[PDB]
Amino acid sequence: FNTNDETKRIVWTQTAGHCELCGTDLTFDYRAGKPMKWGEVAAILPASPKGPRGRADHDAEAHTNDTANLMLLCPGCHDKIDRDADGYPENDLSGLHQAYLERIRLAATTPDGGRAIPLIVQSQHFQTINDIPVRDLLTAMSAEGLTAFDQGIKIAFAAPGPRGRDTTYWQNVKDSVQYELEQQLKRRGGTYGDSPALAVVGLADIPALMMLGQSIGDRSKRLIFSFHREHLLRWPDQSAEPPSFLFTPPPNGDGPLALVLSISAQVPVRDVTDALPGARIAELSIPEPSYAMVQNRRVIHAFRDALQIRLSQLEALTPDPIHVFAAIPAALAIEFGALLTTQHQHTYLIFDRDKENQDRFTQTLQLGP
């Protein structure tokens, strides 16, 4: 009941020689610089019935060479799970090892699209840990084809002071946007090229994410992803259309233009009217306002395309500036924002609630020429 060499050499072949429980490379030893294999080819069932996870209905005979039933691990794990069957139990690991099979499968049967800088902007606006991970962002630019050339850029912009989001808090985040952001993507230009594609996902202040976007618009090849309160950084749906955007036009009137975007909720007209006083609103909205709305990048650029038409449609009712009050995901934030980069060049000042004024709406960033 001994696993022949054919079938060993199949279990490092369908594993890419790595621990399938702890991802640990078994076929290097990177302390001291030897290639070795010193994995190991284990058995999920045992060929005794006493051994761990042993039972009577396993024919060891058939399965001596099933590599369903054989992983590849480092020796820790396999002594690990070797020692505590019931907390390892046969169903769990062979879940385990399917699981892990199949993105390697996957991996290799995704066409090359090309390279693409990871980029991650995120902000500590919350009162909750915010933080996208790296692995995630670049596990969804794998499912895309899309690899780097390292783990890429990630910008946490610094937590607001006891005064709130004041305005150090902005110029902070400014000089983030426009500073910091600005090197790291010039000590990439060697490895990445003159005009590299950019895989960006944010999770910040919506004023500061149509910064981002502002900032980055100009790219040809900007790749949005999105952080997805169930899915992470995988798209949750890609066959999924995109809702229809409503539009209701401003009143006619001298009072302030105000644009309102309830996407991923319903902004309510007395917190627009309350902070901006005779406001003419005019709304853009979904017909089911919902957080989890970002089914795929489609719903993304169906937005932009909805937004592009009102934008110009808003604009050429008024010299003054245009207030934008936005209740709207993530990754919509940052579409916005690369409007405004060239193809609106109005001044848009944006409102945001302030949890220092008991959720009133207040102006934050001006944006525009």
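In this text, the rigid core denotes the largest set of C-alpha atoms whose superposition between the two forms falls within 1.5 Å. Numbering follows the first chain given and starts at 1. Compared with the form solved in complex with the DNA:
With the two forms fitted on their core, the C-alpha shifts between these two forms stay under 2 Å for all of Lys174, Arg103, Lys80, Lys221 except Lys221.
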Contents of the next structure:
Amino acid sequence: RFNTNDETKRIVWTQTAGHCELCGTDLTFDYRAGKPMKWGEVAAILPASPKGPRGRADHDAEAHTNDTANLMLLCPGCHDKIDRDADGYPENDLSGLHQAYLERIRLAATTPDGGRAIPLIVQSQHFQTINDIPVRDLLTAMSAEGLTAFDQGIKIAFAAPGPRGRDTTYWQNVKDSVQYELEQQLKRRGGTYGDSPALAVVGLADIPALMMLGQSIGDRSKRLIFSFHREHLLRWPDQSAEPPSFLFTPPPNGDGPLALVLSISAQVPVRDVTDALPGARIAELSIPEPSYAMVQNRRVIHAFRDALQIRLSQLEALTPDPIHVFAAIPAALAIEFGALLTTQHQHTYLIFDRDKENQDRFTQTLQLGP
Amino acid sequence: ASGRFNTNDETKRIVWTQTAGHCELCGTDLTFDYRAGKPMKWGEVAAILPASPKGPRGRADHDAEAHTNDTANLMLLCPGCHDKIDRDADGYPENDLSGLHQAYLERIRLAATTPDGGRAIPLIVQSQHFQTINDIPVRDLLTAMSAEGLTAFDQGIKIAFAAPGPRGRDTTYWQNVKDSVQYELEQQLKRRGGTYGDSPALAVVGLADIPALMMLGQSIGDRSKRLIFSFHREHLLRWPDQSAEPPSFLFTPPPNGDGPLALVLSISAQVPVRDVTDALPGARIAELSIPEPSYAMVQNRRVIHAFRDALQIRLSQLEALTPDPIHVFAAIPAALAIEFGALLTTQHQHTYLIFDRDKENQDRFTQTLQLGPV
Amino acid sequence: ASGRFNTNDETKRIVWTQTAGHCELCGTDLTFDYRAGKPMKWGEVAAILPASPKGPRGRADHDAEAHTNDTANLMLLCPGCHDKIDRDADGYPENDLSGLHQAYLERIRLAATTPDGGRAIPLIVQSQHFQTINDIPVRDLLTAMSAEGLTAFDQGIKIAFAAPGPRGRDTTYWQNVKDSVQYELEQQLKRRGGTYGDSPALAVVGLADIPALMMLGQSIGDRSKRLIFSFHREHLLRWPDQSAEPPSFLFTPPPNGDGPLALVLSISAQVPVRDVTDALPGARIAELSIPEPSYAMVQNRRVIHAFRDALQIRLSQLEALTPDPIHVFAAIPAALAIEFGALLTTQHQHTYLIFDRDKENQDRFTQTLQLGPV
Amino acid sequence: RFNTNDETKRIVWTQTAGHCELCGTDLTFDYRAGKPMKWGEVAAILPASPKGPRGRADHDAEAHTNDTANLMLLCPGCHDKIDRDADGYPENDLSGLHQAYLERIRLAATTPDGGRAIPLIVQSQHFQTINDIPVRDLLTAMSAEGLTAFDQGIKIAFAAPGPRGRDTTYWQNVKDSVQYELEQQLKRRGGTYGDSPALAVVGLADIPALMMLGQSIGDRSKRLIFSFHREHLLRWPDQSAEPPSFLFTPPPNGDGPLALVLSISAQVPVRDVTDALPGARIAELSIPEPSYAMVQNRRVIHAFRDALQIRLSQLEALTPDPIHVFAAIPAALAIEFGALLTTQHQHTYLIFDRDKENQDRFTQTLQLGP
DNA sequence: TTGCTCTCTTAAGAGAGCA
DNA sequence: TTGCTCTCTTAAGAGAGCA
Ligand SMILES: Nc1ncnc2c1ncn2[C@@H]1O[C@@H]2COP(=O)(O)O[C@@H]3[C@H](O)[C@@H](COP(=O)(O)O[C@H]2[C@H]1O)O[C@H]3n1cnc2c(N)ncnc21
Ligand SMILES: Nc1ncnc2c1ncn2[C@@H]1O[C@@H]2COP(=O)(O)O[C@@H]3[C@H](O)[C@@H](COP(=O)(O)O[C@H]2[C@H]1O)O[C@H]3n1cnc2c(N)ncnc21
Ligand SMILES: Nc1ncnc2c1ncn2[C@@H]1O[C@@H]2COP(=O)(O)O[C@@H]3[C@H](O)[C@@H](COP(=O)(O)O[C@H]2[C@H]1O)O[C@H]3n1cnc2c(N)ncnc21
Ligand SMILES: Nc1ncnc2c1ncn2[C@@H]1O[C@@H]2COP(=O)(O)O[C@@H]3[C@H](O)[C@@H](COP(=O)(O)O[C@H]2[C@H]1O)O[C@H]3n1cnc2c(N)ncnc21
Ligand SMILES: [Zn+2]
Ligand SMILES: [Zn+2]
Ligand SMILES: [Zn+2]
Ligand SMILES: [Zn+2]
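Compare with the form solved without the DNA: the form solved in complex with the DNA:
In what comes next, the whole complex appears, and the chain from above leads the way.
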């Protein structure tokens, strides 16, 4: 009268795919000694007797015996803990975690196949804080779009700056990581992924480095860009958001050096460009409200790309000398920027960045080009 | 076409579980009957099919029975999809579906293992004063973490900022604060785990003077899996309301002139201008406020994120106007002070001078902290 | 001296468990009575004492009751040691023992958590031929791993070396072998875990031609937590005898001359010299053997380690004699071929030319692999 | 008649310190929600009925009901698995793991306090294989000698060589890791460890780098050297082994450059020294049977140190020009070698190493000195 | 040759009486 | 004011009869 029947336990195992709803462990197999076994327990949130953990007098136990909204698949340890600390694992909290777990499974089961890609994380250590993109979050963002991979992918972390800051040694190391380490790790995959597998790539690293990354993978391989967002991590903030307008101001005439100022994350003060590059003729690409949060979805990235491609060809047509780049842009845009410099734009680009060893002044770092 | 693949009931249960009970080609939930109060006829609402052929036609180019012996190579399909799969007379597909099937299984597994992505470090940071009058026990953070899917696996970190000596909150004092936090944080983020070896998430709450909270933000940054929690006078560590929409952050630009630039943040309460100009003579005041300032305004974490997004938009505008330092007079909740410090951790740095209210001098605004190019 | 500290029975149980039932000052096992068939008088054979004083004399300079409230700050002592601890009238020590007590607890915890240091990756590597005639199922490695404290947490890796095409086992072939192993190995060693975030141990067994086994050794190296397992014709993956002492590795130096230098390893069987000189005309033979060559000689893992130690001592002597390549003719078990390849992974590299017996050409010795400066 | 009594369950919890004998998890506390709870199970290896897992007709269940040799403390998941796969978890294997677990606890409980130290792991990536010293194994070797720490310590991993091999950039990076990263991480500890805490240090890294490490920590701090061993990992192979004899051959007279050849791990061929340093006058320190396995215990390291200190002063007395070092030595000896070069020996030492980019020839790398 | 039921097994926390 | 016993609770795998 109180016992959950076999059909329902089957349903509970099915709808959870046989993992513990609270810790995620696989409950269909013992990896230690190698035997398939169903070592999980079907657990009641609200108990039969009102004197059990989370018990209530107003709970019709008979009416809810085979109510899968009351039943979780738990490993025996999780189940033992939740029944020993009802105040710490209350009904509202368990039911909410239960429902959310089930919905993530249902959405994965209804996502159509969208192909395969190599996950690629590239991150620096030039910040004074930890900088770490979780692998699970990239793979989960891939999976929400139907994309899967044969392994957890490549994760490259640049060496930190040494005692002299971002000196020539540092930039040599950045280069070696992008142009040697990355390539050696793509080759070690062999044919696992094929001839030209796609790269599902997310960066959070020096702006010059990310532009170099972009240039290196631009034609080399097909690319699916993802983005780290302060609020939403690897999830796109809002798939329905419309891209902003990319405003452009052309440079003035003259012989002075040509500068391309990109004010997307923030407004780059012109005083800081003329300090670093006296006599500069400034061209500027910006959005109406510069913001760190603006990479709302992948169409924002493409629209940036489409807008900048147009203007780069224009700017190259003006001078034979390098274009000097001063950029306050999100990391995903930095990668797309470099991917445009592959062959479409074979002019020399000298990339300035903020220099903590020179009181936040812009200084020259990397040169991108033919 | 033609044949059907024989399975026993143990194999059915295993296939139904690894696929979560949906057709691998169209995604229909095959537990519909049970949800409708009808008995599950498990063998009638689904077909089980090996994912790979035996070989050319139905001619084993390999040990086909040794591959289908693995339940991992068996698919679940609704009958309509099964009927569109041409097969030989033993039930094996004529064409290979192994790629699509293994991709389906990976997507279910990544969803089923998502709870282990909650592995977390608890971190409570208080000033000696709030530790005495308003101690936050680790238990209170853990149950708030747990309700959100965050799971600690070792003791939590609870730090109390030492009070200052005679030198005051000087540069050495703030550097030892930062080192103390990053030391504990780094040792616990070496404790990787889960399915992919990811570093644990950080679950952090603070209650201290606003400049110390900003230094906690400086220490943790905003480029890692981190979740701020918030102490609330009425709801303690539980969010007052997960459905509340963030307020509008109103902004009043500074008047024009050469006086020092002040950023007044009137979020907890309305800061009077005379208190600002007493401490900073000639100040030119810019103000970020909300329509109804309130100590209780942190209804959920989206409010913290929305404050940071509006704050950063206005900081860009202000820094455009002048290279000189920005003098910060903040009436904000503790969670917003943390996120303010964390925002200011990019390579780019502008000078910010943080004014605290001196509880031992009439609550007078007092400069205790400088962030930025030094 | 004087006072005693009151504890209830729940607190006693907690202190007895966190200390494993020994005195924290002298280490005596306080469960002696139970081991002797006598009833445990838990409150008589031990004293429980806070580790830290209340303050000067027995004068709380702090909330002493708030600290002893934590059972983690309570010590277990035998009565004789307790009697040597001068105390105040509430039972608190007069002098601070917190450091010694917390160090004791850490040592017990590091021992109690030692099972999680067994986290492991299973790896089975075979040639297509041995996979067909002598497949090693993952289950057999797992139960041998488990019996030794090694615990896998995901599916094991089982690799089969592709057979060579018309180009033979050329440089490209051996590089793809190495890449294939290091690819799988690296992805699974990213899966850190346990108490400290350590990478998992590797548990590896191989059955393939000796040159391929040496390349597996080249791929895994010998500078990480790795445990070789061994297939044995009679004991399968279980060690025949954990108490067996390794045999003596006998060595016969090469005669003097200018002929090519050959290293003959007669461990599984005695290699006839004419087989060596057929393949390598003019060879100058050095030989490492054991007294009674036998296919069954890998009784335990110490035998593998002892072979490597004797082998390396003799390789140093041989390489001293000539800069020219060393030509290797090995009759050794599979586990010894793996460890031989792993030995040769330092920065220093001498040229080694490995001869295999061609099963499709009368078992003729044939050079298939070159290791070293290329 | 069959039930384990409360005294014995108490004994089982006590002697295991309340952790799962098979997975090591803490069974006295729920870290997720914060409540102390005893969530483990006292488990029988041989069961009551002979029809249970590992059952046997010849097992007197009544005689062994409170036999702690038959009872393990297990988490509920481990206990559920071992009872579902008796063939995979047989009596002999469980009993052996049980006994070993208990003995590790007893030895930790009887180890006297031996002070505190900062664990320090330093490892390179210049090998073509993974190179990774487990933290647990250093902390366990420390604990066997009574030493404990407040944290798991410092673990530095040098950047890998880039595409040019061990070039000037590589060696700059090694320097920065030893002289900047290490120091910044010792300072971040603050007063946690005191003014001059000791370093419990183990290296596995380039010989030149380890000598630089040694020179940097030699006087800076008190040092407890540990060693990675191919067979025994961080455990000392044999605490009763006697040190070998360190044989010395003095250099010949002449004006040629002075070389110090160290043949400890292996015999360094003289042909390789005269190739790199024509006209070299070779002095040699060696043991009678060079071997990778020779670091049997810490007295072997001290005896090497004592023998080399004597000879370095002699060699410095011979020339005013640098001493050129060609060394095939274990990693722990490389660290002790450098620690002697702090002030006792203020002559210039030029360190040669094997060069994979020059066909295994010795080439000059780092210069150690005043 | 399941594939629903009711008994059985194994662990544990109360509850009573007593210590 | 434990601090040994026997009942109670919750999960599960057989075992029987039948489907
Ligand atoms: N006057 C000016 N005002 C403001 N910024 C200015 C400037 N002049 C230059 N800049 C630079 O523009 C970049 C804006 O920051 P961003 O976040 O929009 O983009 C960054 C960038 O693409 C890359 C490297 O960061 P950094 O080197 O600090 O460069 C900063 C900053 O110095 O990683 C992105 N990034 C950093 N931290 C992140 C996080 N937590 N989450 C997500 N993406 C993050
Ligand atoms: N004109 C002005 N009028 C009103 N305030 C003004 C001001 N000009 C500046 N301020 C400052 O704005 C902060 C508002 O108070 P708050 O409560 O919203 O946020 C505080 C703050 O973030 C941090 C340190 O407190 P304090 O130094 O008093 O800072 C005050 C106050 O000095 O901890 C938070 N905090 C304190 N006690 C808390 C509790 N019990 N529960 C939860 N959070 C608590
Ligand atoms: N004059 C000479 N006389 C005898 N052998 C001679 C020789 N000159 C060279 N040799 C080689 O010495 C190896 C001895 O055999 P082994 O069994 O001790 O070790 C083998 C080897 O390590 C690897 C590949 O086998 P193979 O290529 O035949 O190598 C043979 C043989 O060619 O796998 C191991 N292996 C094979 N089958 C196994 C099994 N069933 N169980 C367990 N381990 C097994
Ligand atoms: N003619 C010659 N013959 C043999 N060696 C010669 C030589 N001329 C130079 N040498 C060098 O002497 C060192 C001997 O090896 P070693 O192991 O005794 O000591 C090493 C060393 O101290 C440091 C860097 O290693 P590496 O740069 O390869 O230097 C090698 C080798 O190139 O790490 C130690 N190390 C490496 N791997 C280890 C492991 N798995 N376990 C434990 N410690 C390990
Ligand atoms: Zn669980
Ligand atoms: Zn379908
Ligand atoms: Zn004692
Ligand atoms: Zn366990």
